[PDB]
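Q: Listed here are the chains, written in short residue letters.
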Amino acid sequence: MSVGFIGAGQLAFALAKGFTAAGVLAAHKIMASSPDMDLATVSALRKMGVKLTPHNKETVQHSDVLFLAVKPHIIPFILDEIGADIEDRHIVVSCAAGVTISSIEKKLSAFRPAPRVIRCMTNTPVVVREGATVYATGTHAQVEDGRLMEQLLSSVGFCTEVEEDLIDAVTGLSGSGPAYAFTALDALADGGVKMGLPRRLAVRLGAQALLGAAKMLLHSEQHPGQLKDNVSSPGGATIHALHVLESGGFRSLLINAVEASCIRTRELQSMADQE
Amino acid sequence: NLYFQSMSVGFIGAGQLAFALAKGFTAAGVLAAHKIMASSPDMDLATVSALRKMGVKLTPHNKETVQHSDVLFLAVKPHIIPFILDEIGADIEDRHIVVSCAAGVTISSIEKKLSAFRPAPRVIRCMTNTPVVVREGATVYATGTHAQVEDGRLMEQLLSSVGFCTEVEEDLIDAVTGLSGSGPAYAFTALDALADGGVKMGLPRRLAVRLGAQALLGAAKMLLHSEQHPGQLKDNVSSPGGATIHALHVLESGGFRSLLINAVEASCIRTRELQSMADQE
Amino acid sequence: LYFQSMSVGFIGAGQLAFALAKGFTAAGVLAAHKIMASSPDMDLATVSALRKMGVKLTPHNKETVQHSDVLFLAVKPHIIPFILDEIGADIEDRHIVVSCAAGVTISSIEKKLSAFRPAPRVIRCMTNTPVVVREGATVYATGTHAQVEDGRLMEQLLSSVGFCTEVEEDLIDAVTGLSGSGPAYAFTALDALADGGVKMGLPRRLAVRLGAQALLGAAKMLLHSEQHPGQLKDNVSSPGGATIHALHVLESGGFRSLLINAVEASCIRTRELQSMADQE
Amino acid sequence: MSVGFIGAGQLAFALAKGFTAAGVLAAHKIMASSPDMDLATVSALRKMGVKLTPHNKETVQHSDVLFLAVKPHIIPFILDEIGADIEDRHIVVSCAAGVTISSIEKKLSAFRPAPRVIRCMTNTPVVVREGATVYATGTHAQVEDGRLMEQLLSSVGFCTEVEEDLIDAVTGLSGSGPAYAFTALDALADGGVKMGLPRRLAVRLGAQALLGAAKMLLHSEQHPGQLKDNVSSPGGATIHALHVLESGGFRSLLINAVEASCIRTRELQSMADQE
Amino acid sequence: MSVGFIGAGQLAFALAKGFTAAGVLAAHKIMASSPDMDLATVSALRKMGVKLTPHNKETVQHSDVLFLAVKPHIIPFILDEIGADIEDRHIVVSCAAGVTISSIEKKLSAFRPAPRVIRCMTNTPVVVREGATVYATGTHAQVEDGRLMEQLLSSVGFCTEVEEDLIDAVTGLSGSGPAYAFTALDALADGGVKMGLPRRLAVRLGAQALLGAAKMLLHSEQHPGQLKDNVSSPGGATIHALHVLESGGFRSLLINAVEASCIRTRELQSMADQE
Ligand SMILES: NC(=O)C1=CN([C@@H]2O[C@H](COP(=O)(O)OP(=O)(O)OC[C@H]3O[C@@H](n4cnc5c(N)ncnc54)[C@H](O)[C@@H]3O)[C@@H](O)[C@H]2O)C=CC1
Ligand SMILES: NC(=O)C1=CN([C@@H]2O[C@H](COP(=O)(O)OP(=O)(O)OC[C@H]3O[C@@H](n4cnc5c(N)ncnc54)[C@H](O)[C@@H]3O)[C@@H](O)[C@H]2O)C=CC1
Ligand SMILES: NC(=O)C1=CN([C@@H]2O[C@H](COP(=O)(O)OP(=O)(O)OC[C@H]3O[C@@H](n4cnc5c(N)ncnc54)[C@H](O)[C@@H]3O)[C@@H](O)[C@H]2O)C=CC1
Ligand SMILES: NC(=O)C1=CN([C@@H]2O[C@H](COP(=O)(O)OP(=O)(O)OC[C@H]3O[C@@H](n4cnc5c(N)ncnc54)[C@H](O)[C@@H]3O)[C@@H](O)[C@H]2O)C=CC1
Ligand SMILES: NC(=O)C1=CN([C@@H]2O[C@H](COP(=O)(O)OP(=O)(O)OC[C@H]3O[C@@H](n4cnc5c(N)ncnc54)[C@H](O)[C@@H]3O)[C@@H](O)[C@H]2O)C=CC1
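Chains as they are written, first to last, in PDB author numbering: chain C, 1 to 275; chain D, -5 to 275; chain B, -4 to 275; chain A, 1 to 275; chain C', 1 to 275. A prime marks a further copy of an entry chain.
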C-alpha cells in the first residue's frame, strides 16, 4: 500500500513516524512533498527513509492513500493544483483543522466526478502511537475506505468514525488537548521546583502522574469523579490541593479552552467558506 | 529475578493503596497472590473483597501479617502509624523490611518507635500513587539508617514493576507527595472538565471522556519520550492564528499555570503540617 | 414501633425542641403528653407551638429532669454549663442525657455532671431542623458510661425522624458544618434559584415550588442511586444543551469552592467556640 | 391506556420507570422506539418490560398518549416521519426543551386537521416519583386532555398547568435544576471530606440535608429567608458559613445559571425556527 | 592569574564562558570542581578547556581567586571542608544567593585569621558578557582586592561595588530578572503567534525589541516614562496596548516579583543563620 503526504511538517512527520513504528508501512513506500525542502521536519523525514520531493504532483502519482497535511488556508491552493491528477484509486484524507468534506469535494469534483474523501482530526501523540483520532466519510467514500482508514489510524492510537459535525468540537478537545497537557505539565513541574524538587525530576513525575491517571481512567469503568474520590482521604493533602484548584475556577478554564478552540475553528471555516 | 523467588509481602491495612499495589504486583507477575497477605480490622470492606478475589490471603490480625512478610508495607492512614507501630513493634524482627507508604511520616518517627524493641529496624519510606494499579505509578523512596545496600536494590526492583521508581533523599518526599502522589486527582479533575467542555461543544459524554483522557495520555507519553522542553512541544502544536493558540490564551487569562502551582504547594504544605502536628503529639 | 414507658424531656423549648417534638409525635413513637419541655421565656413563639401539640410545658428545669428518662439539652452551647450546674444534683441513674448543642463535647458534659453523681450516661448528637418533617440528618456518639442499649435506643428514636447513624465524636464538628448548617445553604440556594426564575418570567410562588421540588427530587435520586453525583449530572446534561451551558456559568464562578468554603467555615467556627468554652 | 415514547433514552427511561413504580401503567402497555438499539437505556427499558421497536410507526399505532422524547432538533424529522400516522384519538405530549406547540401543530396539521398537542417540561427525578412538571395545552387539546395529562404526571411528582410562554423559564429552573443540585452535592461532600468525614458518609449527609431542607420548604408557609433565620443562631457556625457564601456571590451564580439555561433554550428554538 | 570554581553548574559555566570570551582568562588557567563529574555543565566546561576535578581540595590549591559556585545551603559544608587550605593569597568570592560575608568569615576565621572575602551577586547573562553584577568587600578585603574584582567582572557585564545590605534586593531585581524577561518573551511570542506570526519570527522580534528598548534606556539620559511617551502616538496602537497592561496591574506584578524574590532570599538566610 502506497501513502503520500501533501506538506511535510509536524503532522506529516508524526504520522509517518507512528505508521512506520507501528510496522504497517515501510518508510520507502511513503512519499511526502514540501516547497521548503529544507525544513527541519523535512530533515527528520529524510533521516527516517521517507521519499521527499518539492512537487506536489509526484506525491499524488505515487500514492493510493493521500493525506493532505498543509495548513487549512493552503488546502484550496493544494486542491486546485492536483485536482486534475486525482485518479479513481485515490483516497484523499484531509487532516486540516475545520476544512469541510463539502468544500474538498466541490473543488475536486470540478475535475473528476465522485472524489473519495475522508476527513480526519488527529493530534501529535500519534508519533508515540497514542494519538486520539476521529474521521468522517465523504459522500463517495466506499464502505471499505472507512475500514482502511480506521485500521490504519488505530495502529497509532485511538480511532473511531464520527459524524462530520462533531469534528470541530473534537478539534478543540483532543486536537488542542496536548497543548493543554503540556501547559499543565510545565506548571506542575514549576510547583515541584517551588517545593524543592530538581526540574528534571519534577517534569518526569508530573508527566508520569498525568499518564497513569489517564490510563487508569481509560481502563476503569468508573467516573472521573469517583477515581478522584479514591485518591483523596479525609482531611488529607490531596483534598486540600483540590480546594485551591476549585477556588480559582480550574474546571471552567478547561471548559473555556475547549470552547475557544472549537469556536475559533468554526470561525476560520466561515471565512474560508465566505471566501 | 531471584529477588522475587521466595519473597513474601504483607500490607498493614487493606484499602486503596494495598489493593492498587497488590493489583499491579500480581498483574506484573513479580509475586503470586497467595504469597501476599493483607490485614484490616473492617474485613468485610470494599477493597478487602477485591483482594480476596485476586487470591491474596486476608486476616484481621496485623501480627499474622508481620509473621508472614519479608517486606511489610504500612498501608494505613498516617495518624494510625504510631498506633500500629506500638502494636506490632515487638514483632518486627531483623529479617523484616518495613516500608512506610503513609504520606508525611518520617523515617525518624518509625525508627524511633521500632528501635525501642529491636535496635536496628530496616525502614524504607516511599511515596507512590494509585496508577500502580495499571502499572503506571510514580514512586520515589528513601532508605533509612539501617537499610542495607541490597534493601534499596530489592525495593527499586519491586516498585519498578508497577511504574517509574527512583531513589531520593528523604527531604524531597513531601514535595513529591504534592506533585505525583496527589497528581492523579488533579488529572481526574482536569479530565472531568475537559469532557464538560467537549459536551458543551456538542460531543457525547462517552466520546468526550475517551478523547480527553487519550489526549492527556498521549501528551504525557510524548513528553517522557522527548528530549525537549514542554514549551517547545506546545509551540509545535499551536500554529499561527489557530484554534490552539486561542485556547491557550483563555487558559493564561485565568491563571491556569498558577492554579497548579498553588495545588502542588497546598498538598506539600498540608503534608508537612500534618507531620509537624503528629511530631508534637 | 412505640416505647410505652419512655418519658422524654427537653431543656430549652425553641427551634430544635419544637422540631424534635413534632417529628417524634408525627412518627407516632411518642405521644405528646409523655413529652415535657422547659424554658424561662414562657412567652416564646415555639413555646406556643409545643403547647398546641399537647407537650407539657414548665418553666422549671428541675420539673423536666424529674419527669424524664431521656433528657434533651436543646439550649445554646454557652448555656450548657449553667444548665448542668442547675440540674446535675437532680440527675439519677435512670437518665440518658442527650446533648444537642453545637460543638459541646462529651468530656465537658461528663466533667460537670460527675461532680454530682459518678457515671452519668451521656450521648452527643448533631441533628438538623428537617426532623420536623421526618427528613433529618442525625449523627450521635456515646459517652463513657452510656450502655450499649442506650445508643441502640437513641438510634431507634432518632431514626424515626430521619437518617441516623453512630459516629466517633471527633467527626461531629465536621457533620455540624455539613448537615447541621446544611439546610441553611439549601434555603439560600432556593431563594436565589427562585430569583432566577422570577428574572426569566416565572411567578414567585411557582418558582419557589419548582425550585424546591427540583432540589428534593435530585437529592432523592442520589440517595436511591448507586452512582456518583457527577454521573447523574452527566445523565442530565445533553450535548450543547441548556443544562451544560448553565453548569459552565456555575463553574466560572467557583460555585463548588464556595460550598467547600462554607462547610469549612462552619466546622472551624464550631471548633473555635468549643475551644474557648474549654478556656472558660 | 397505552403509552408510547418516540426515542428511548434518558427521559423515556425516567418516565417509564416512574409510571410503573407508580403503578399507573403496566410495563408492557409502554412501547418505546429508537434506531440506535445498542444504547444503555434500551437495555434498561428491555429488562423493565417495555416493548422496544426500531420503527416509530409501531409506537404511534400502539399509543393513546405519545411522548416525543427525542432531541429538540430531531422533532421536525420525527413529525414528518409519523405525521400521517397521528389519528384523532392521539394525545401528543412533547417533552423536548424549547420546542413550541406552534411548530408541532404546523407540521402535524398538514396531515390530520386537529392534532391534540401538549407541551410539557419535566426532569429526571420522575424516576423516583419526585419530578417537577409543567404543561401547556395546545389549540385542539380538549379539557379532558389536560386533566388526563395532569393525572398521569402527578403520579411521578409535582405537576401543574402553565401558560406556554413560561416553559423556557421552567426549563432553566427545574429542568436543569437537578444538575445544579448534583454539582452542589458533590462540592458539599468535598467540604465534608476536607473537614475529616469519609466520602460515603459525607455524600449521604449532604443529600439528606438538601432533601430535608427542600421538603421543609415545600411543607412550610414561610419565606426561605425566614427558615434560614431559624437555623442560624447569633455568632454561630451557620451564620459564619453564610457569610462566606455571600462573599463569593453564591446567589448570583444560581441566578446566572437559571438565566443561562433559559437563554440557551430560547436560542436553540430561534435556530430551529430559522432552519 | 589563577581562577577556580567550587561547584561547576550554571553559574560556573556562565562565568568561565564570559571570562574566556572576554579574553581576560585562558581556559587552562581556570579549574572547576564538582562531585558529579558527569553533569552536562561539566561536559560543556571540559569541551571549553577548563580543568575539571572532583576534589574541592585541588581547586583551592590551584587558584588565587576562588569563586564559590554551589547552592547556598552547600556553602557551610564547602567552607568546613577547605577552610584549612585557604592560604593568605586567596580571594574567596561567594556567589551564593543570600549568604552573608559575616557567616563566611566566621567559618573561615576558625582556620586562618583574616580570610579575604568578596560577596557578589551576578546573573546568567554573563555568558554573553551582558551580566549585571554587584559586589561587597569583607572586613579583610584589601583595596586592590575590590579593584581586581571589579576589573574582572566588568569584562562580562555591568559591575559596581555596593553595601552588603543591598545585595538581597539586587538578587530579586537583576539576579532573578532574567527569569522575568524569559517569561515575558515567551508570552510576547505567544501574542505574536496568536495574531499570525510564525513562532521563530515572533521570538526573534520580541527578544530584539526587549534588547533595543533596554539599550535605549541605558544610553538615554531620560526616564523610562519619557521613552514610553515617545513611542505612543495619540489614539494609536501602542497606547491601546498599554491600557490593557495597566488594567491587569502589569506594573504591580513586577513589583510583587522583585519583592517576593528578595523576601525569600532574606528568609532562606534566617534559617541558615538560625541553623
Ligand atoms: N501540529 C498539530 O498539533 C496538528 C496539526 N494538524 C493539522 O495539520 C496541518 C498542518 O499541521 P502542521 O503539521 O502543524 O503544519 P506545519 O506548519 O508543521 O507544516 C505544514 C507543511 O506544509 C508545507 N506546505 C506549505 N505550503 C505547501 C504547498 N503549497 N504544497 C505542499 N506543502 C506545503 C509547509 O512547508 C510545511 O512543511 C494543519 O491543517 C493543522 O490543522 C492536525 C492535527 C495536529
Ligand atoms: N490512596 C492514595 O491515593 C495513596 C495513599 N497513600 C497513603 O497510604 C495510606 C492509606 O492509603 P489509602 O489506602 O488511600 O487509605 P484507605 O483508608 O483506603 O485504607 C486504609 C486501610 O487501613 C485500614 N486500617 C485502619 N486502622 C487499621 C489498623 N489499626 N490495623 C490495620 N489496618 C487498619 C483501614 O481499615 C483501611 O483498610 C495513607 O497513609 C495514605 O496517605 C499514599 C500514596 C497513594
Ligand atoms: N436551630 C438549628 O437549626 C439546630 C440547633 N442545634 C443546637 O440546638 C441548640 C438550640 O438550638 P435552637 O433550638 O435553634 O435555639 P433557640 O434559641 O431556638 O431556643 C433555645 C432555647 O433555650 C432556652 N433557654 C435559654 N436559657 C435557658 C435556661 N437557662 N434553661 C432552660 N432553657 C433555656 C431559650 O428560652 C430557647 O427557648 C443549640 O445548642 C444549637 O446548636 C443543632 C442543630 C440544628
Ligand atoms: N435528560 C433530561 O434531564 C431531560 C430531558 N428532557 C428532554 O427530553 C428529550 C430527550 O431527553 P434525553 O432522553 O436525555 O435524550 P437521550 O439522547 O437520552 O435520548 C434521546 C433518544 O432519541 C433517540 N432517537 C434519535 N433519533 C431518533 C429518531 N429519528 N427516531 C426515534 N428515536 C430517535 C435516540 O436513540 C435516544 O435514545 C430532549 O429534548 C430534552 O430536552 C427534558 C427534561 C429532562
Ligand atoms: N543560575 C543562576 O541564575 C545564578 C545562580 N547563582 C548562585 O550560584 C549558585 C549555583 O548557581 P547554579 O549554578 O544555578 O547551581 P547549579 O545547581 O547549576 O550547580 C551547582 C554546582 O555545585 C555542585 N556541587 C554540589 N555540591 C558540591 C560540593 N560539595 N562540592 C563542589 N561542588 C558541589 C553541583 O554538583 C553543581 O555542579 C547558587 O548559590 C545560586 O544562588 C547566582 C547568580 C545566577
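Keep in mind the hints are simulated off the structure, nothing from the lab.
Among the hints, a few may not be true.
Claimed, not checked - Coverage of chain C stretches by chain A, computed from C-beta distances (three or more under 8 angstroms per stretch; other residues unrestricted): (1) 221 to 232; (2) 257 to 265.
To be verified - Counterexamples of contact, computed for chain C' against chain D with all Cβ distances above 12 angstroms: (3) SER43; (4) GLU144; (5) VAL193; (6) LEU201.
We put the CB at the ideal spot given by N, CA and C, even for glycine.
Q: State for each hint whether it applies.
A: Against the structure, the hints:
1. 221 to 232: holds (count 3)
2. 257 to 265: The restraint on the stretch 257 to 265 of chain C is violated, since only 0 of its residues have a Cβ under 8 angstroms from chain A and three are required.
3. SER43: holds (15 angstroms)
4. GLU144: holds (43 angstroms)
5. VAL193: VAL193/C' is in fact no farther than 12 angstroms from some Cβ atom of chain D, at 5 angstroms.
6. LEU201: Violated, because the least Cβ-Cβ distance between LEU201/C' and chain D comes to about 9 angstroms, which does not exceed 12 angstroms.
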